[PDB]
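Enquirer: Starting from the known structure of chain M, fit chains Y, B, A, C, V, Z and U with the ligands onto it as the hints suggest.
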Amino acid sequence: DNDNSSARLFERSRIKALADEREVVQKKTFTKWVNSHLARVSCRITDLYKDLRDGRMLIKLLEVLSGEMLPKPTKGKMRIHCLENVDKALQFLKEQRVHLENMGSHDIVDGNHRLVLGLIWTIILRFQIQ
Amino acid sequence: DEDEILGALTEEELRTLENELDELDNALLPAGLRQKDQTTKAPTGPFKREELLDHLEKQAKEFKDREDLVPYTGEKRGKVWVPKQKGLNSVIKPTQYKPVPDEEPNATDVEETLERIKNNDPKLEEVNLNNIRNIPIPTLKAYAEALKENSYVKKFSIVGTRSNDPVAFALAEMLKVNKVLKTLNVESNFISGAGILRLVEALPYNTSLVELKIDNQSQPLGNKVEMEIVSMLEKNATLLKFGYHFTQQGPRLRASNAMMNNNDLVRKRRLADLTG
Amino acid sequence: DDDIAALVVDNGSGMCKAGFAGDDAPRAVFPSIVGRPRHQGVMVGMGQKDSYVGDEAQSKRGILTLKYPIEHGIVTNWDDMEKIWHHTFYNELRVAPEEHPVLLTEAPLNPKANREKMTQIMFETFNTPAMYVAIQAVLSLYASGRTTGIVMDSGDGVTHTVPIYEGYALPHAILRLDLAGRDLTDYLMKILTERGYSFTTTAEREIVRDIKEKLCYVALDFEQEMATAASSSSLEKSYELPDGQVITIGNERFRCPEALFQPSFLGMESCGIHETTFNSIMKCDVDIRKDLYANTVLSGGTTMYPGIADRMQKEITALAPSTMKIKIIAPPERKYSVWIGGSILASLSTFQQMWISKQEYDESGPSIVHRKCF
Amino acid sequence: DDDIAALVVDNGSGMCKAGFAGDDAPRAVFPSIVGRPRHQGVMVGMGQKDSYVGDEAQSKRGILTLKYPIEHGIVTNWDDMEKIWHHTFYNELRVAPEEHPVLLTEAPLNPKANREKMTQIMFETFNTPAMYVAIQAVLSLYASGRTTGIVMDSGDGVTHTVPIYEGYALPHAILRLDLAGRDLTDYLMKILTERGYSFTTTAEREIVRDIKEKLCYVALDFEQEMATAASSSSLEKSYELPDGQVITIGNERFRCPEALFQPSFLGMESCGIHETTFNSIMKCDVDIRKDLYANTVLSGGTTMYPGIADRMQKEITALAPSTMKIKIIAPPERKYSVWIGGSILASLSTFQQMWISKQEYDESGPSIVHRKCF
Amino acid sequence: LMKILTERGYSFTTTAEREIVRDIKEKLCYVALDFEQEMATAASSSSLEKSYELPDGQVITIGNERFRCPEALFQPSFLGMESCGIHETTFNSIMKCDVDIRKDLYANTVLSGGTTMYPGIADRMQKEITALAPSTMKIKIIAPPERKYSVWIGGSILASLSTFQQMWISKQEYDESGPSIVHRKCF
Amino acid sequence: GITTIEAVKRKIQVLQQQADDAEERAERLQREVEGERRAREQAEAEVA
Amino acid sequence: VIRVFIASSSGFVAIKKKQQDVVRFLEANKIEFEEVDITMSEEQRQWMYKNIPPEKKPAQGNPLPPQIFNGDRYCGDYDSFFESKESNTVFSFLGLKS
Amino acid sequence: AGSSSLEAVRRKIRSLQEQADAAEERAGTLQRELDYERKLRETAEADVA
Ligand SMILES: Nc1ncnc2c1ncn2[C@@H]1O[C@H](COP(=O)(O)OP(=O)(O)O)[C@@H](O)[C@H]1O
Ligand SMILES: Nc1ncnc2c1ncn2[C@@H]1O[C@H](COP(=O)(O)OP(=O)(O)O)[C@@H](O)[C@H]1O
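Chains as they are written, first to last, in the authors' numbering: chain M, 31 to 160; chain Y, 14 to 37, 40 to 101, 160 to 349; chain B, 2 to 375; chain A, 2 to 375; chain C, 189 to 375; chain V, 3 to 50; chain Z, 2 to 99; chain U, 2 to 50.
By construction, these hints were calculated from the structure, which means they are not laboratory data. Watch out, some of these pointers could steer you wrong.
[Said to hold, decoys possible] Cβ-Cβ distance ranges computed for the label pairs, FRET-style:
(1) Y/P167 x U/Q18: 56 to 62 Å
(2) B/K238 x Y/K91: 35 to 41 Å
(3) Y/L34 x M/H143: 37 to 43 Å
(4) A/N252 x Y/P167: 43 to 49 Å
(5) A/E241 x Y/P167: 51 to 57 Å
Quick reminder that beta carbons are idealized off the backbone N, C-alpha and C, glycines included.
Chain M extracted, bound-state conformation:
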């Protein structure tokens, strides 16, 4: 089954490398855009995956871009408090007619790379600065 091993080699090296190229460069590009809008408030992002995981700073992002008052974040160190905090921002995005699917609070809290990057990309594309 050496040709099966060759195809496993192909899908292990080439596909994953070509995905990781775009992933790393797009994350580095999105970090500057989020830090530019987060610079007006005393906030900064060092890692895009880890910092969006409490959900408070996503609420800060939506409040800065919309310029309109979001519901007050719930204080708490538990996982469920982070889930509800992310759910607030997701609900605000949903009621602003921005379309998201396969997006949950636990997806952001679990730090899935593709879904976090897709959320940031959708915020860049469809949301109005105004």
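Expert: Only chains Y, B, A, C, V, Z and U with the ligands this time, still in chain M's reference frame:
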């Protein structure tokens, strides 16, 4: 402000918390010795109960009656719901089935049977010990030791004797020695997984036992134990009947296949003897 | 040798039925339960006997734990099943198994080793001269009296549907759904806990099963009956426990068998009975579906709740095209049909070709059954 | 700002706890005992205000009969429970019930009338504006800080295990065993009786409960503890009664909690608690069993015995496949965790829709609790 | 594979367990060069048995079912269909062509798709087509190792061509001619 | 007292020390295995 | 001899708890006793029905399973047993001399 | 359950401990992943040669 929070806590509680963090409990200690003593006084007297009752009654009599602020009158402070307004009837009875005549209780002397086993009696052929009041486990160990050198007993059953792991160990020592015992029955006992494993460990050494029944134990065997029975049951070929209900499906399939192979070997040797 | 009459043994998960071939009804019908002594008690009035089998085990429920050897149509414990067979041959029929042939029934889709083990036990332990293994649904269609139709069998352990067209069975359209009366009994315990009565012990499970067999009926419309039971007190019925108390089922009477048509009440992924039958029909060829719609045959004890025929006719008619006609055949004697067709099968003259001889087993081992029986 | 949130009241079988929502520890903790004068009208009605409630009831053990209003997780006497709630609201918390909502807990499988009676009493008597009923084992998972795992709660009157995967609960895998602290107390009295010390009345029931709480532990190996206790007196401990009379417990210390794992000692036909947890795990789906193995959570006062976590880990590891990893989570504060779960549940903003309003209640009656809760 | 795994006793009925059965099929299946010899060898000895680990930690054994499941590709009568196998389908598609071009089609048979990745499909296909074809024609089976993605890769070849920039369906063309333009523009 | 303050302090930077050291080790291993993965892919393309 | 009328299988938890409470009390104090199952034998249950004095009957339905006798003379139900348990008049309740 | 502040201090201590515990348990997996990748690149280089 966690420092202010710790300052809000009691200073004696701070020393207690530091010592408790240093104590981290008593996982090193055995479970018996982990919890602390209540008092240091030695036990005294044979515990006359009436003194305890009298002192409890006296302590109940001399006590302040605390006055509650709000007495309970059982009043209602809410609105009543008041819901809106707009043989065939015979009772079915269960099946009685049928009465069963009562079985005559087992009347077999333990010491006489043990002596007859120790004497290698030609007449004694089957030993039955099912449902006997309060059998001693040293006596059961003596039975297991004495029946090793007895070649005239073919059937042995200890069902419902509250047998434990030492009895299973004694039987495990038995099954390597004896070459005559056709049937063993250890159902409805308190043997755990280790005793059953030790029993099936003696199977490859002997080629004379054709039936085992280990069903209806007090505790389930588990996955690892059943994995051991099926493998070293595949080791043995003489055994023809194995009585057990397997929870896991893979061990069940392998045990069924092995027992089928054993009886197929019996059929093959019968055919070979028929051909000559 | 016309004196040698075969023995027909229908072998279900719940009960075993045995009788001589060519008879109208099975002579012995009894539940297949092996009861064993409890650990909490030190026993009252039991001698050297180790276990109780069948009806005598059912009588002494209070001092025993009850175990079923057949599990979902699969024999997990073979020693208990051997005890059941010994009790059947020696205590119920009182005939020597060495003189008569034995005919057995078996589920369609099951492990291969089951047939080999049954043939092995028959030929070695009981030393029968000849034997045969038959499939239950074909025997049901034999008992119905027709050679064309779809057989739906629901027993105590398994539900299965097979199509047969002009004596030819289609193996790719056979469906086996694991939804039987024992799961309904467990659900009845779960919904009886809701009212307040608690049943945990296996003897209490027998009590719950006896309640279900007498106080359960299938609703033609579920939403009508829920509103009817909520509105008025007409649907309650009273049952007497062996202790002496009286319970009232009420709303649960049509809620226990409804899980047959909606398995989502049990948390199961699979679809209902009518959907299973409809899918089994649509797996068949195009031009034989018309004959299969008009000859649907019910079988098994689980299919004896009142109102199954009307509900299942309505459901299939909703699923089927409107230009076609649907007929549901439910004989009043269907509970024993799996036995009765077997008594027909041993009575045929050509079936003497189909008997597995002792010699053939002796040369070919237990693998003769696969080449000899379907 | 909503009148300092709701009031979380956890009414266990043995002891009751209450406090404000958002507070991380309960404010009021006291046993649920209604003590009455025994038979005497001696000395101008001694035993005045016959209904003695709480700690003040337990102070007068000598002259009173101690009666528990809740038996086996079900409220037998409703006047006594109303007395308990009134004493909670007006004597210790000392807040107006009409100004704050109330949150209540309940075992999973209970008679349906209990929730309706709780709703009717909470609305008609104390005039609370809003109310909600939750399940204790879900609140334990809330307090543990996880959203995936199997939760075991063993109170004074009921033991139950529920699995939850990713915030979704599976109702078909919920198990309820009637093996709890009161059975252990009765077994402790039974085994103490033949030692030489006899305890009969409720005044001795409190003393035996105190002895069990202060000196009991779960043995890792039972036969090893038999051998060690028979050989030497190192395991013996001394208890001091309220009037001198120091007694030695000795062998009984590890014999009382063993009935949790072997119910044969108590003479009840039931499986062990580890077997119950394993069976609740195996009833779930294949893909989610790994998380449930790795997230086993203990709760309740009955689990406060030392050495129960590692013993249950060993017993589960014996049953489970060797490839998986078993993770027993036993917080040291677990006895209050159920109440702590309530303190988490009322604090969330998204929970504000789940309250049962009085304006909603007086349109639907006590039947609104079934469609509103769970 | 689910139907024949029920035959050994293992039950798979839910949609979640279908993915487990698919993983079993991907890992532990192969195509026998000779089916009758492989069945006889698997019946004689236990050397062909393999072990798989379930997601709950249980261990199952496949054994005989490794080569029976892919054999249904070459004998559809196992599944109840009366159609011919893939080798007969390829040979029939060759025979439907003209006489002059059959030799080049014999010499240039190309396999593709993820189903064609069982170990031994190429040799079995070559043997069957050689059995059907005349002896003078010589059969040449071509199967790249990365065939599973070939349908994608040629697409990446197709979109980069210079001619293909004139072969699109423009937005204006669709707006003029409705959704029915795809039949005219595409093959 | 002052001794309790120092004990609370010492426990605080002890626990913070294990947290920081474990996070640093995880970060170092993460970046290092990323570079390792890149090297492995670049090596395997030549065999391909 | 003490005879306790019990039901092995019942739909109510409280009946089981009361029966096991009586059995535990009889076993703890070395008391001579014997148990009769009313579900197993019909005639013993029917004899138990007419053994009871008419004044201690439930107004509704058959009497509750846990009943205590010595010989053929009747001691009481579970409630009277609990009254004697707390009043410390147990041996007079069963009839055995202390 | 003596006071809310005590239990809050316990919760903070638990969080600070479990952070380090989870990070160490992740670091072990990262180390074994690195070893596996190193074996793969060594085999690849040998095949290149
Ligand atoms: N009269 C009845 N009404 C309703 N259900 C019944 C009746 N008789 C039997 N059953 C159900 O059918 C089951 C017995 O089915 P049975 O015909 O014995 O199947 P099998 O013979 O294949 O085991 C019982 O468990 C019971 O739940
Ligand atoms: N410190 C302790 N050690 C051992 N057992 C205890 C301890 N505290 C309580 N228990 C047991 O737990 C029981 C109280 O459980 P509790 O938490 O009140 O149950 P509930 O869930 O009904 O509130 C007591 O009967 C006692 O047996």
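Enquirer: Each of the hints needs a verdict: does it hold here or not?
Expert: Against the structure, the hints:
1. Checking the proposed 56 to 62 Å range against Y/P167 and U/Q18 shows it holds: the Cβ atoms sit about 60 Å from each other.
2. Checked against the hint of 35 to 41 Å, the C-beta distance between B/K238 and Y/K91 comes to roughly 37 Å, which is consistent with it.
3. The hint said 37 to 43 Å for the Cβ distance between Y/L34 and M/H143, and at roughly 39 Å that hint holds.
4. Taking 43 to 49 Å as the suggested C-beta distance range, the pair A/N252 and Y/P167 conforms, at roughly 45 Å.
5. The given range of 51 to 57 Å is respected by A/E241 and Y/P167, whose C-beta atoms sit roughly 54 Å from each other.
The structure fails none of the hints (numbered hints given earlier).
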